[PDB]
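Number of protein chains: 4
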Amino acid sequence: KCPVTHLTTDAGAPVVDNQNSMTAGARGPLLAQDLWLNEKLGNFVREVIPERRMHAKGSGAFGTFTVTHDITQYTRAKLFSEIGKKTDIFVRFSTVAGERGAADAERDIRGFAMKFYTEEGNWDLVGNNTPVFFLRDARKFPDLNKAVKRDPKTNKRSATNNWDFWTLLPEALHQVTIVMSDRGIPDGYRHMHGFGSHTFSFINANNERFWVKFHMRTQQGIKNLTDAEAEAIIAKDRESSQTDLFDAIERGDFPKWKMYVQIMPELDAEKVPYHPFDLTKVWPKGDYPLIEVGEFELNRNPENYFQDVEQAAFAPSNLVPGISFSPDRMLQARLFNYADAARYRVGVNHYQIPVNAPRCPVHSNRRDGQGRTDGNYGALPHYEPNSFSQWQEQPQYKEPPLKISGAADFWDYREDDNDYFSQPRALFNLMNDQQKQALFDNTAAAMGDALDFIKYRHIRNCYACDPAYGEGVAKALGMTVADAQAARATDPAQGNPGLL
Amino acid sequence: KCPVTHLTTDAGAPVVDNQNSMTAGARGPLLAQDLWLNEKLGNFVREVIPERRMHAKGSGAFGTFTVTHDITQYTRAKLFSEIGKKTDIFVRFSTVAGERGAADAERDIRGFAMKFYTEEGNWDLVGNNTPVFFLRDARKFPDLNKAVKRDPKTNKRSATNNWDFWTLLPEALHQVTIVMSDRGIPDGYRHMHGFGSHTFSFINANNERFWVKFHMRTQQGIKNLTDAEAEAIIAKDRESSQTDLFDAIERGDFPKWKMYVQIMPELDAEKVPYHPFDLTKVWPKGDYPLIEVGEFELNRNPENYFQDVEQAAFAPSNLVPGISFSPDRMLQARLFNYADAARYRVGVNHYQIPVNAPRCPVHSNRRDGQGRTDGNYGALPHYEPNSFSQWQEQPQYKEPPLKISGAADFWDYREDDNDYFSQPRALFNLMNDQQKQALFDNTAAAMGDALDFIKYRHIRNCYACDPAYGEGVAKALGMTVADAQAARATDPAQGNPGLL
Amino acid sequence: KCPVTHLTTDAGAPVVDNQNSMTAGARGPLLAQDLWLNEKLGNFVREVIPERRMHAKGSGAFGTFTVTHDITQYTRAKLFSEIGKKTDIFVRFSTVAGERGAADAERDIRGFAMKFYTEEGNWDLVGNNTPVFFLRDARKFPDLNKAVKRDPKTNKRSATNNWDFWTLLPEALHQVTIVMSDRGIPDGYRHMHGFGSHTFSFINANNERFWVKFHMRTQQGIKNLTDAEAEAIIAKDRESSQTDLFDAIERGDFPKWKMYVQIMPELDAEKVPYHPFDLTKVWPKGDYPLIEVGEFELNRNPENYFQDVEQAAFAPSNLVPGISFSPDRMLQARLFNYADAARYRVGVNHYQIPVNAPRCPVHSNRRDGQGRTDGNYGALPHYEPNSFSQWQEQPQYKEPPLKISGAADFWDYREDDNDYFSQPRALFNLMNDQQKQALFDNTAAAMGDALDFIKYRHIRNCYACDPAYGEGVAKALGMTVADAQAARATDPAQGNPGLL
Amino acid sequence: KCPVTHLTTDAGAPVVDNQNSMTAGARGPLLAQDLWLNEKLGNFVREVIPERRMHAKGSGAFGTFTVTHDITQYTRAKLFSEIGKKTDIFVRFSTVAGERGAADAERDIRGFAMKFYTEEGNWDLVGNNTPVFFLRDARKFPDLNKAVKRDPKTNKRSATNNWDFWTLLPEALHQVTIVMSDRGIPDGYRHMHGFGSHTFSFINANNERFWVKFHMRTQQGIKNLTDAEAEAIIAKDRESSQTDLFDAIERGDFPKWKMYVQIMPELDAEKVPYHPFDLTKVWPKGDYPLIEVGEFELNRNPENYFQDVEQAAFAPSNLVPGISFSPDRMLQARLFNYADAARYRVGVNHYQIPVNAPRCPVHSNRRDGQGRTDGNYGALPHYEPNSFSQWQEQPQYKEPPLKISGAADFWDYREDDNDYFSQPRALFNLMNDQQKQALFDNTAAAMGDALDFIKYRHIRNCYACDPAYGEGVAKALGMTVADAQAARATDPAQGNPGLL
Ligand code: HEM
Ligand SMILES: [Cl-]
Ligand SMILES: [Cl-]
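Chains as they are written, first to last, in the deposited numbering: chain A, 7 to 506; chain B, 7 to 506; chain C, 7 to 506; chain D, 7 to 506.
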């Protein structure tokens, strides 16, 4: 609004008429020489890009992060180098299974994706509102996509597809318990925590490695919706979380999180009794307590949703000196899969998009590609080694070596670690009676019409985790643990390693 | 299900392990030589194509059309040539404003897109569940897209954007009245009519032209949902119309429509008192009664939604001998905009997709393009004229000339026809008291929080159509027609041709 | 060169090693966590975009245009408004049939594409080094593409495909004569003229229309290569024209053209004895003498060929107030085909590319699309009509109406005008004996191994144009006009309108 | 040719006129309702896909491979299982640096890409006409692309860019010597050998590993062109190798190669004095003599070049049971980079293209993607694990583990192996005096105008390889080894590990 604008073509030619097309007489046929119509409609049918293969529905905001505590003994990362140091951030929150138009207030994981515009590169912490995940090997990620999304023929969610998959992965019971708890539907993005979920690494100025987990704790408090409350909100508003977050920032009610880390010296990874790189497992806070780092707030709604939120590309591979990866098998796949997904979805030149662009010096020698806008590194020599001091590597940032034991092979995770249930059993025993009844009710509702052998399989897995959990679930499904047990002999998945 | 399948790569190499990735020791980093993971994940992030720029949410089915009546005196079209002749069809139903994930049971137009696999080409009748539309010049179609979709900043529907646009187009009141009536929310695709909406042409074996309108009348009966009933269905099911249609076909309860035509001899177009090519106007049935043609049923759910429904491309330009276009200015733009939209969305080689492919001989000499699969017309000479009898034109199908009067220019539609209100006034006076109260209630709900000057503008336009319509709307908005009238002097759109 | 650069990722993270990949031991397998390699190679395989479907091989330069003469009585175009007024330009020269790597010094038309960065929009004059073309209806343009390019099976140029097509278009003899003359191989882009070829329109401040032809005459002089001289240059340099033009600008030897116009009052188009919109015909200079307008020089080599030359998009539709189109049937197709070609080749957001961007105000309300970088018109309302003074049309630039006579139909060009030979006969009689012998020799060489019936057909067409032309061609082919004449009875194209 | 064809649209509608466009009167403007023109031209501008980022210029043929010898003790690969067993193949030959249009007879490596349509998957042996390459780590491959292709500003080959890069890689001297020898320009694809170049692996039925090198030896004899002979061929024909190969097959003169292998037991890789996975090094035939396997002939020209040759996608990752990879660092990158390059260039669904499609059972569960044609695995469950025997892994094909020693790190190749010159010195001493003089002449011609410090650097590296080689090169450049030696002190690349 405000300053009057006069319509032009892309090339800046004045548009004469924006109400009438050019015709051979007043009621005659349309002419090809109606240039503005050709341009207006040709561009119109190319506005849509592919949605994200996962986490398609989302809301974004800009904000800042402030260091409140010193952790420079563990990490040389420049954004953490001093108390008081402020870094600008972009955050996209999301659901997982919904397409672009889907309801915000579904029972699902939420995405918690953070981009930090640092002096030594953008650092993407691509997190979830849960410290764990259903899977611990990336082999299973495309299968999870199909299981939680639409059947190839009914084009609807399928409790049978979803729960057949989940119940054949006993390692999944931890995240299944979390998403079937009261926290499976947060009351908008401001009332949930975030997590890196994976084990990452810190590297200090001494070139020492630590293993690390990020926790982002909501200063607005954990707050949830029951199935019924969510359904009532969806009936009015499929965009309930966008409404909530946009409205909050618009009225100056900026949401805040505190950032903590669990820090584990490199050598401790071979001393702990739990697999320290297993995404289905946390590190107990009694072994590795939270160390406070800083605080971030979201304080600015983007001017244009498509340019800043839809085109936003996060990559776990977007790391900076002093923050690096781990051999978590899931993290390891994400280190390449996001950059690849973004080359397809927003283009090879997607770092030209302002929300993705670095706010520090950049010298990649990336050349050409569709839609090159930014100079294309001009006439500079485009190869290395060269005799012209172009594109010089920076060895001072080299990480210490990472010790390997064992041959290259497909190593059976089930031989390495098969503690599927101790962590979910702990979580069940933390719950009060209401939360337990919610867990049982939410579970039986989600299984809905899944085939009976699948309901029996979940009840068996849940009983193994804790007899009271198996009972509450079996009861809420109107079944018995005895029938669940009797069904194992004829379970059609017989012969299959995740079938216990 | 049924025959056991053994996992291979695209190239047919056996996959050894589909549960574990290849690692440097059991808890070591991931190896690049894990070929199956690279392939599985690289293909995974390229499954999604752009949604349709309009009518993104939809349901599809296969079926057949049977001629029941003789109209060969009006049309030489081969699918109509004999009573009893059966043609196979594909139909996609849709909403308009929803993205891929959006609720089915919104207040919106529904799409009614038909593909007839004819012996002289696929005939697409790309229709709506309404005989008219909001607009009569394609200039305004991209603007309607933005008005009924998401604000560029809030990323939500905007009553202000939507109703500012609508109230500045008095010609739109006809379709606004239809979509705000009880029929703005059909109880699924089986309980709505379809229409070509536009005036088309028939050409008979004598090379005579008729102007024609297609009506497809539901044999299951008009059936609707109130705002409250729709909201309750959405709370359970965003896919309510897919559920309804898929379930009906799956239980053998095949939905049927009867097809009729209004036929107008060419010369009558200059004798009627209404603009006969104006998409905001019908032809009164008293002047041009319905002539029965045939009956179609939908009787087969596609095996794969993506391959048959999501990749389906309709084009109003997909016409056959004996069925052709008119100078309707809206139809005229669609004659090029759909083929162009599909080149971007499903590729230049989209006619290789089975649902789009013709079931008759095809010799286009279309060469190359990404993903060419079908022979590419092999080694045949690829130019015309040639000395080799390749690609010979077919003059026997030539249409009679179309008379033009007037210069090429931007002809102001408002000078040519400005009867905005007589047809909506007729429709209002057909309604019984309940339907009228629904029209008023639905209208005030849809305007929701639109700025007051916009509510005043709709009330003025509605009063001009019929004093009782203006009153019922003003009342349901908690306003008065007097205030509406007083606001015209300061209306901020002053200086603007659609502001009456 | 000069300032030392330190290699980073796109996200600005330092790169540790640019010589060694990350491996599991010194002679072990490659790790997926080698982030720089993934990024470097993933981006590398996306550098290439599609070449132009026509005129793929080219050279570009920046320059300026200066008005030297007053023609404001004929055109209100702002770049021409005063003597001395300077406009910045980009020019791309090209061959036509060569792919990206093909030789510069082939016997072909050359492209002469001009972009003028004007205060009322970019004006593209997309010209050739010839005043005419082979065709006069766009129906035949894709066929010309196939005929002059590679056979679908041999993947080589085919004299049979090329000359079968050409000899079945008698209207083509004019351009065939030009491209087979000594001027079919200019000695680089600096020693050739340019032409708009088509009839365009001027509109003056009085809203009067003139028909207009643009001539751009080389101030370096017409200079050509024989077949033998060209072949010798190709043996050393496939990039001979890039070498020539780049080297000339680099040493300050800036090439200059003078711009002239032929001006014809609107009404004269119905008074001339030649079809004034027929691209196979010029306007004789005796009827419409050249009027001088200005002078342009190319004086700056682009810093980056891909960003400025390969991504350059010209469109005949890029017109400005006071310069517009004509009903030339070929021009009429180009008015839409280039903008469409560019949406595919450089993207819907290709006007963000600096060489394509306007240097004047732009308000198109074009939204979104892949790779949106420039603000996306932020939060401004995105529909018209609106109550907020956004996107207001500009009626002061409206053209006078264009008179139409006749029905909409496929009008046979051969019924309308069939003077195939008078203009080529004039051109043949302008030639001196050497140029004539060149025309005959060049023709027989180009026909090479074309089937005999095709050589006979060219000789017949050439004899009809002028008995001496038919003789010289028949002789250089080692045939006789008598045999050519005897072959017409059995010509396999019998039954075909371009077969005389 | 032969059967008369009648022109239709893609949808199979008859085309009335293919010579005239639809106009408002005979000399009037073009109408938008000319559907055939819209379709014909819209499809026309989408025929071109991106060329290959490397090896863009090529020729293809179909053929067969016959086993002549038993090697089943080394490999369980099914195509080798019996003497007499015939496998169908596709082969694409190429240059490396040329774009689509570039000359065939340039001084360059040639590509020798083989696809074997095997009963357990397509096996791609993506080879070159040389047993080695310039590089031994993939870090340097994009840099080699830029060095051997066009300068970002001159858009021409640059001897300075090319030789600056090459002379700073002493490991490159082996391949530099080969490509500067008489064999740098083979007399077409039929007179050159092929090689896998890399060390691969065989796995036998006992689950034992061997390291292996493939040699494909021409039965038509090594035959070459001098610089002068090549230049003379280019002056006539940029497509000389396509002409040669197509013509040979067309006249029944089918070219044949014999396939041999060098076989090295796994444990020998730690016993040899040369790095056995270093692409700049061969295995001496005295240590590992050639073992004969079979013979292949190319006997069928494809019907359509674009469908079969341009869309052909090879991937080193396309391996079958009994043939696998090695830790060669270059091979390791190609294992992912080709499948990724093809997803961009020919689409995610490129295995639908007949030349790429497997000729054995395929069950990948790859879903959707643009242009899905083939059923999309219909309604089958689309996740694993499932209770429905879909997508079952095949463990019988598991390879033995691969022993790793050392930490994950960037291991400096120059510390591991720095024998740059012994193999090129051997090759120089195999040459007769003519071949030596050719090597010197070809080298000085290729360095052309490269800056002097670069010529000095090549002479130094060549002298180190063999004093006679340094002398012959220095002399042919008109320089002395003494000046070369004196220049090292001021060499501008001082401080750089490949500068000796
Ligand atoms: C100039 C006015 C119009 C323009 C520019 C327009 C443009 C479009 C575009 C670009 C799509 C998506 C096409 C694709 O990607 O396959 C679409 C879909 C559709 N349109 Fe329109 N449209 C217009 C008017 C109408 C009218 C008046 C009706 C009904 C009479 C209509 C019915 C539909 C239907 C049913 C679909 C969905 C087709 C399907 O199921 O794939 N449209 N339109
Ligand atoms: Cl891609
Ligand atoms: Cl496109």
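Treat each hint with caution, since some may be false.
Stated by the list, open to error - Computed cross-link-like contacts, DSS-like style, restricted to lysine-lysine with a CA-CA straight-line distance of at most 25 angstroms:
{"no.": "1", "chain 1": "D", "residue 1": "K162", "chain 2": "C", "residue 2": "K242"}
{"no.": "2", "chain 1": "C", "residue 1": "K242", "chain 2": "D", "residue 2": "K442"}
{"no.": "3", "chain 1": "B", "residue 1": "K229", "chain 2": "A", "residue 2": "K242"}
{"no.": "4", "chain 1": "B", "residue 1": "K242", "chain 2": "A", "residue 2": "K229"}
{"no.": "5", "chain 1": "A", "residue 1": "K442", "chain 2": "B", "residue 2": "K242"}
{"no.": "6", "chain 1": "B", "residue 1": "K262", "chain 2": "A", "residue 2": "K159"}
{"no.": "7", "chain 1": "A", "residue 1": "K242", "chain 2": "B", "residue 2": "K442"}
{"no.": "8", "chain 1": "C", "residue 1": "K442", "chain 2": "D", "residue 2": "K7"}
{"no.": "9", "chain 1": "B", "residue 1": "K242", "chain 2": "A", "residue 2": "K242"}
{"no.": "10", "chain 1": "C", "residue 1": "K242", "chain 2": "D", "residue 2": "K242"}
{"no.": "11", "chain 1": "C", "residue 1": "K262", "chain 2": "D", "residue 2": "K291"}
{"no.": "12", "chain 1": "A", "residue 1": "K229", "chain 2": "B", "residue 2": "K162"}
{"no.": "13", "chain 1": "B", "residue 1": "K442", "chain 2": "A", "residue 2": "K162"}
{"no.": "14", "chain 1": "B", "residue 1": "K7", "chain 2": "A", "residue 2": "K242"}
{"no.": "15", "chain 1": "C", "residue 1": "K159", "chain 2": "D", "residue 2": "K159"}
{"no.": "16", "chain 1": "B", "residue 1": "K481", "chain 2": "A", "residue 2": "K159"}
{"no.": "17", "chain 1": "D", "residue 1": "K162", "chain 2": "C", "residue 2": "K229"}
{"no.": "18", "chain 1": "A", "residue 1": "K159", "chain 2": "B", "residue 2": "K242"}
{"no.": "19", "chain 1": "D", "residue 1": "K229", "chain 2": "C", "residue 2": "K229"}
{"no.": "20", "chain 1": "C", "residue 1": "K159", "chain 2": "D", "residue 2": "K7"}
{"no.": "21", "chain 1": "B", "residue 1": "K159", "chain 2": "A", "residue 2": "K242"}
{"no.": "22", "chain 1": "C", "residue 1": "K242", "chain 2": "D", "residue 2": "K159"}
{"no.": "23", "chain 1": "A", "residue 1": "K162", "chain 2": "B", "residue 2": "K481"}
{"no.": "24", "chain 1": "C", "residue 1": "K162", "chain 2": "D", "residue 2": "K159"}
{"no.": "25", "chain 1": "D", "residue 1": "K481", "chain 2": "C", "residue 2": "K242"}
{"no.": "26", "chain 1": "C", "residue 1": "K7", "chain 2": "D", "residue 2": "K409"}
{"no.": "27", "chain 1": "D", "residue 1": "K404", "chain 2": "C", "residue 2": "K242"}
{"no.": "28", "chain 1": "C", "residue 1": "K162", "chain 2": "D", "residue 2": "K229"}
{"no.": "29", "chain 1": "A", "residue 1": "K7", "chain 2": "B", "residue 2": "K481"}
It is worth saying that the hints were derived from the structure and are not from the lab.
Hint check results:
1. D:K162 <-> C:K242: Since the Cα atoms of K162 (chain D) and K242 (chain C) sit roughly 13 angstroms apart, the hinted pair holds (cutoff 25 angstroms).
2. C:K242 <-> D:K442: Status holds; Cα separation ~24 angstroms.
3. B:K229 <-> A:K242: 22 angstroms, holds
4. B:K242 <-> A:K229: 22 angstroms, holds
5. A:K442 <-> B:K242: 24 angstroms, holds
6. B:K262 <-> A:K159: The hint holds at about 22 angstroms.
7. A:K242 <-> B:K442: Between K242 (chain A) and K442 (chain B) the Cα gap is close to 24 angstroms, so the pair holds against 25 angstroms.
8. C:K442 <-> D:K7: Between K442 (chain C) and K7 (chain D) the Cα gap is close to 36 angstroms, so the pair fails against 25 angstroms, i.e. violated.
9. B:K242 <-> A:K242: The given pair, whose Cα atoms are some 12 angstroms apart, holds under the 25 angstroms limit.
10. C:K242 <-> D:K242: Holds, at roughly 12 angstroms.
11. C:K262 <-> D:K291: Violated: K262 (chain C) and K291 (chain D) sit about 64 angstroms apart, past 25 angstroms.
12. A:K229 <-> B:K162: 24 angstroms, holds
13. B:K442 <-> A:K162: Distance of about 36 angstroms is beyond 25 angstroms: violated.
14. B:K7 <-> A:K242: 39 angstroms, violated
15. C:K159 <-> D:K159: 36 angstroms, violated
16. B:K481 <-> A:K159: At roughly 47 angstroms apart (the allowed maximum being 25 angstroms), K159 (chain A) and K481 (chain B) break the hint.
17. D:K162 <-> C:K229: Holds - the C-alpha atoms of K229 (chain C) and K162 (chain D) are around 24 angstroms apart, at most 25 angstroms.
18. A:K159 <-> B:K242: Holds - the C-alpha atoms of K242 (chain B) and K159 (chain A) are around 21 angstroms apart, at most 25 angstroms.
19. D:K229 <-> C:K229: 41 angstroms, violated
20. C:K159 <-> D:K7: 13 angstroms, holds
21. B:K159 <-> A:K242: 21 angstroms, holds
22. C:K242 <-> D:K159: 21 angstroms, holds
23. A:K162 <-> B:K481: Given that 25 angstroms is the threshold and the Cα spacing comes to 42 angstroms, the pair is violated.
24. C:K162 <-> D:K159: 30 angstroms, violated
25. D:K481 <-> C:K242: OK: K481 (chain D) and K242 (chain C) at ~23 angstroms, within 25 angstroms.
26. C:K7 <-> D:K409: Given that 25 angstroms is the threshold and the Cα spacing comes to 45 angstroms, the pair is violated.
27. D:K404 <-> C:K242: Not OK: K404 (chain D) and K242 (chain C) at ~54 angstroms, beyond 25 angstroms, violated.
28. C:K162 <-> D:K229: 24 angstroms, holds
29. A:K7 <-> B:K481: 31 angstroms, violated
Checked against the numbered hints given earlier, this structure breaks hints 8, 11, 13, 14, 15, 16, 19, 23, 24, 26, 27, 29; the rest are met.
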